[PDB]
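A.B. asks: Here's the letter readout for the chains.
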Amino acid sequence: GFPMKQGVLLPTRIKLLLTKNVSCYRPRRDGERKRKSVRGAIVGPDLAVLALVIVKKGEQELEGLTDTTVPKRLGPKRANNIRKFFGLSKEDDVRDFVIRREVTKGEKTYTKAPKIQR
Amino acid sequence: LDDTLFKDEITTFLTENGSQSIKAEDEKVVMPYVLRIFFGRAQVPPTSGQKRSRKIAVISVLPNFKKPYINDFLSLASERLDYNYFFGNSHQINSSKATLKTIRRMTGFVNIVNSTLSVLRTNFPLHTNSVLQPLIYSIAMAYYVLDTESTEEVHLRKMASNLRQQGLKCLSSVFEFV
Amino acid sequence: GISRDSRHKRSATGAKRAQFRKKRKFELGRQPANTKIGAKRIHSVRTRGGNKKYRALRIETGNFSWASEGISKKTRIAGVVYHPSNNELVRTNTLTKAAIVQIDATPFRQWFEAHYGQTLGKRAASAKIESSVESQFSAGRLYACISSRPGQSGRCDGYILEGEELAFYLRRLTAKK
Amino acid sequence: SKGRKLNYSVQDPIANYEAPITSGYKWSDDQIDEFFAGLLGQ
Amino acid sequence: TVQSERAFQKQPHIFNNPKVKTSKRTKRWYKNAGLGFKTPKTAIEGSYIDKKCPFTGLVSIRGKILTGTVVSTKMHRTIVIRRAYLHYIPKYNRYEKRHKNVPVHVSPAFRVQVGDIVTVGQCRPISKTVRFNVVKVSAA
Amino acid sequence: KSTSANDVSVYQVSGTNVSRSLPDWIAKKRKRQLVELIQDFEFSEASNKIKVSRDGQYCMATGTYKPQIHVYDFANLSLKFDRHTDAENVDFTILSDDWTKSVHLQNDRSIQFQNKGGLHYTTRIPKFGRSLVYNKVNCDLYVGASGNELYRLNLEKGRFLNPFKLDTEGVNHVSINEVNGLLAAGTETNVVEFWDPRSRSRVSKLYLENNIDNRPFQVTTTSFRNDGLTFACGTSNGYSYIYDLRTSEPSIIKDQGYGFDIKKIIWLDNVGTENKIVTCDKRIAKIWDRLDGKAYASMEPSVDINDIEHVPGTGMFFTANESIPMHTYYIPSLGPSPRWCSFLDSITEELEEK
Amino acid sequence: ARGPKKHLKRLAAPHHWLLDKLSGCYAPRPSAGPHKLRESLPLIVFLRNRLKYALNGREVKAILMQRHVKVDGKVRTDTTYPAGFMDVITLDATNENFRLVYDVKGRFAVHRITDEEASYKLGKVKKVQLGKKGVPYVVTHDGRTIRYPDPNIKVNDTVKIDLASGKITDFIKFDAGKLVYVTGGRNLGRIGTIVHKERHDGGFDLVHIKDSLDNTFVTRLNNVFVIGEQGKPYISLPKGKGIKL
RNA sequence: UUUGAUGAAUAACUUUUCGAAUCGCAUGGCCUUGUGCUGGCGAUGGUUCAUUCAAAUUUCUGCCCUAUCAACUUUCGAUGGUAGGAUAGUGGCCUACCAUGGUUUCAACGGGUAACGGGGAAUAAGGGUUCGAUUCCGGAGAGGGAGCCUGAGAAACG
RNA sequence: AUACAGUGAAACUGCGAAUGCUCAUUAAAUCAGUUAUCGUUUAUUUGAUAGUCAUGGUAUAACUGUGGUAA
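Residue numbers (PDB author numbering), protein chains in the order written: chain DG, 60 to 177; chain UT, 892 to 1069; chain DI, 2 to 123, 146 to 200; chain JK, 459 to 500; chain DL, 6 to 145; chain JC, 4 to 37, 47 to 366; chain DE, 2 to 246.
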């Protein structure tokens, strides 16, 4: 049950000090330094799950890899972000090009767009 | 180039006969780059207290190099400037370009020359084609706008008047100084 | 901790009294900053209220003045040569208030010769400055008195010595030499 | 004085704090005494 | 000798310019107490440097004004005055004499010997055991 | 991790990333607003002194603002703990091989003691100290102060047993060889004195020497050798002497670096190379083949060194510095790295293939 | 303890409210404000105890932020705003004003006040000083800091200020022979002409005052407020003239 | 000679602090009808100073029995000076450098005090013989020594 | 209402959370009184108070999903 943390060169579980703005450690009370045990950065013969990321495609279309594709659930908030997404300019408003998300409620068909930040 | 390390880093190595100086031929070679960056830092306006201290630091740093070096700096100032129409003619300038941009450049120039005289009062040099032509050049079109423009251009009239005042003041001070 | 109470000194009668309370927060004494000379590293302390008090532990550059004609520039320090409190302090060169330092002469002589036109040593009446002053101009190493608490201000301000001050300090050095 | 004057008196907290120590000489002291005599003084 | 201590004993924030020449070497600052007291000419011409001097040092005298009788004068720059005053004992309804042996910093501008009605005023705390400073002298 | 020199591979595994002319505080703040092995190997203002345990398992080092001591644990590569101090500790020693018992000379003319239970009490030394060494065969804490005072207080009693008066105005170092339990006193009047316990008397006085400036020295460093035979010393002009004890003449001389004072000399054991470590405050430490006086290597930390130490086994040089991360060096040609640091071999393999 | 205090018993209430002793267990603590707490009157006491306009705390809160009570021109939204001595509380819905002034028994007293007399309020001028940009500011007893006052204003003065704009109009310098209002000390409530002053630097400046039974009496200068000359007050004082029978 | 009037910024230095990229409502006026300009009445913040709530030290005034307690302090500076660090701030609070002091039979000092003590502190006893009711006790602790952290205010001990 | 405006959980952020019981006894100590702070600090209260880009970049939490471990 212990995780992998980048930086500590040992293939052994270590009791380190873990802090606020770092990985693997989500403290309850704000800002302190607690002592916690994490499994060191060198992968050894005792690990259980390893996380790897596809970078360059090879030969095989794999279903849960290549065939599946989630859409991004959320969308932009800022008008300049909308500009950067769509290739807009300073002059045209984005009230018409804000993303339109459609919802149903029984048979009523309502829809929403976010409040434009800035 | 960094701003938060600008002044301190200048005093770290750019101060002469101390720690980490620059060799003769090399420093001769890297004159233009120092000149360009210091011209940029001068062209930064002193609209805040930090920018005030930065401009004060810039002008305090400048006069410690050497006479041809600061002459080259003043030469780059004149090169941003010009005197060609006025001094190919006697006193006439054919291209009637006395725009607000031109006079703004002139006022920046008279600001920096006021700065360098005030820092190197009894020591700074006077190159002929470097100071004399742009000074009376700027004063000439200052009075040209003062004469040929009515009060409808309060913007032009105000900063032409201040341009005239500063040019005359620095002319008087350079006379007192050299 | 390090306190500045009176709750430990002997009474004026000359007897030891009773312990009163655990030592508080406001009656605190912080840790003394032996400010050395070097790459300027400043450290902030949050003191009572929202007050910020700076402790620079090292420095090269201080702000120095002549009231001889009223000029003041930021210069690079050189060394510690006297201080009335402790010989060890003078030795290890941990600058304090009222310290006697050797300071550079270069920007000051640059201003002097750019402001007068007369070479130092080697406005006439004002140009007849003091002889030991121009001798130290020739030496390139001036005597200054840091007259500011560094471990409170986080700054280092000094003034170059003048006649009777320089006289007594020179006498101090020549008696200690 | 404050601490300048050498108050020769026993200290309780450092009485047996490092008392005692076994004599870990790697010498027999005899030739080293002859040798210290036969040092650079001779 | 006036400057016989380790540092240059001078009155701070006081500038003398050696350029323009003068009559007395250092223009010596001194302010007035007010409060009915008069500044002394011995302090005005006084060449001593006492930052605890009520006239020439940078100390303020605002508050209680008392007086006392000196017994011992064997310190530097400070003395102890002993004041035997009447004390009332109501369970006997009898009076008694009780003396406070209270100290006070003195200025060298005033020379005080045993047998002195000295008028003092309190200040901000001067040292560990003193908060008074002499202003007025009446020796006998 | 950086490798710079050509004859020999240095490895700045720790510490600064930019050498010189970049302040760590502003660079750190700017980089955070825009690898390492020990968790929090820092003191955020500067560091002063380092000594590693003979157990080879703790590393204890002092730090300057909020003057404190960090004890690091190799079994966990982090702070075992942190402990504030009353004043900026000057120099320390570790009584037992463990991290527990420690005792040190402290800038306010005093000393402090430390245990796993925290702290044991302080005593004001009469005059301003310079160095403290503990004779181990019988418990003798002895301190060289300025002047002519070698106070020798035993721990059978706790009393200040006896001062060794000296013919000197200034003492600046003391040391001892563990076999030859002689008190060696290096005093900045160009003089070294040799004393012996159970005699409490001078064994020798010597080391009057000369430089090109012909100025009086400041005898900075004294150190022993594991032979119990040869001692070395180091002078303020940056000049080191290796003396066989049987000769008054210098067996080996070392005009090294620049005229800044040599500040730590520590020999090192390799079966091939019995060598010497000479470091000064001109941001250089030098690695000399002792037998011929051949400078094998040199490490350039690019910030001021406050102390140097090596791991007893092989491989790393811990340097205490003026900069923020006090750092260390793995020399492969020196040898491997010990029991808590075993894969830097591999990572220097990728940086060598780099 | 760890800081200031927030609860306070009925018995510890200051006298010049004239309360009972067992309406509750804790008294309304004054808010911190433009008057000192040891001499101020909170509006809940004023509108619950004295004038009986309201009778429960929630009710008086309800009126206060029905926004009817105006204090010193402005409106308040405090349940415990510290109204103080010689002050102004009006009310629009009754079309009335009340100048608050001390009595001879050391207790507060309302004075029914018409509109134009309520238009102004006096202030004991504490001190004037040169602030930034070299301008002068004058500070009264009640936190009133006014730029550009009279140069003839000295310390220990009395200035009448119109309240519709918060601006100084009139001034009286304390001299000998003035209509004092005694505020503190032993002898609060006895109003007559002063006799004179004894000066005590490092100490006090005592004032001898002869009241209308031709009786003199000595009070601290800090307890002095200035009204005017004899036979002309700037305030419509009530019946009694500071006389206790 | 009086009656009355006036006073009695420079040089730089620095992690920039700043001089609002924030909520409730005016709808007009003018022509350039752009939806252009312009604007008024209500909230949240920020610069400093005052004032308020507090807090820190501090002047002096007051409390038992006992000399079967005559010594006490420099053995953490005891007393004082000078200088510096430290503190929000003075001050031996702390360190150097020094001087060698202070308290005392007017009994210092010391001892015991049942010091659950006393304070008109507290409302009183609207007539109990002295008695009620309230308030301050004073400090420390929150497994135990040691060290650190924020906030205006903590040496917080959940 | 084709930007939202009602309402609103999770969270950012502002402020409070410095007004709990048990154990130990000091005679200028404490406490009461009275000062001083031309010698200090102050969140809050109220009062004044600063001519020196038709709008710049970020990020998260939550959510989605995939997992680990007896926890």
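Hints are not guaranteed to be accurate.
[As the list claims (entries may be wrong)] Partner residues are not named here, just some residues of chain UT that face chain JC (Cβ under 10 Å, in silico):
# : residue
1 : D893
2 : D899
3 : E900
4 : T903
5 : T906
6 : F977
7 : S987
8 : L991
[Claimed, not checked] For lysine-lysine, the following DSS-like pairs were computed, each having C-alpha atoms within a straight-line distance of at most 25 Å:
#  : chain 1 : residue 1 : chain 2 : residue 2
9  : DI      : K23       : JC      : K78
10 : JC      : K92       : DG      : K74
11 : DI      : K10       : DL      : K57
12 : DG      : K79       : JC      : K78
13 : DE      : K211      : DE      : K233
14 : DL      : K15       : DI      : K199
What the hints contain is simulated information worked out from the structure, not anything from laboratory work.
The beta carbon of each residue, even a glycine, is placed where N, CA and C say it ideally should be.
A.B. asks: Now look at each hint and say whether the structure bears it out.
C.D. replies: How the hints compare with the structure:
{"no.": "1", "hint": "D893", "result": "9 Å, holds"}
{"no.": "2", "hint": "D899", "result": "8 Å, holds"}
{"no.": "3", "hint": "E900", "result": "7 Å, holds"}
{"no.": "4", "hint": "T903", "result": "6 Å, holds"}
{"no.": "5", "hint": "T906", "result": "14 Å, violated"}
{"no.": "6", "hint": "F977", "result": "46 Å, violated"}
{"no.": "7", "hint": "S987", "result": "49 Å, violated"}
{"no.": "8", "hint": "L991", "result": "38 Å, violated"}
{"no.": "9", "hint": "DI:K23 / JC:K78", "result": "22 Å, holds"}
{"no.": "10", "hint": "JC:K92 / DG:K74", "result": "10 Å, holds"}
{"no.": "11", "hint": "DI:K10 / DL:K57", "result": "23 Å, holds"}
{"no.": "12", "hint": "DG:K79 / JC:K78", "result": "22 Å, holds"}
{"no.": "13", "hint": "DE:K211 / DE:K233", "result": "16 Å, holds"}
{"no.": "14", "hint": "DL:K15 / DI:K199", "result": "21 Å, holds"}
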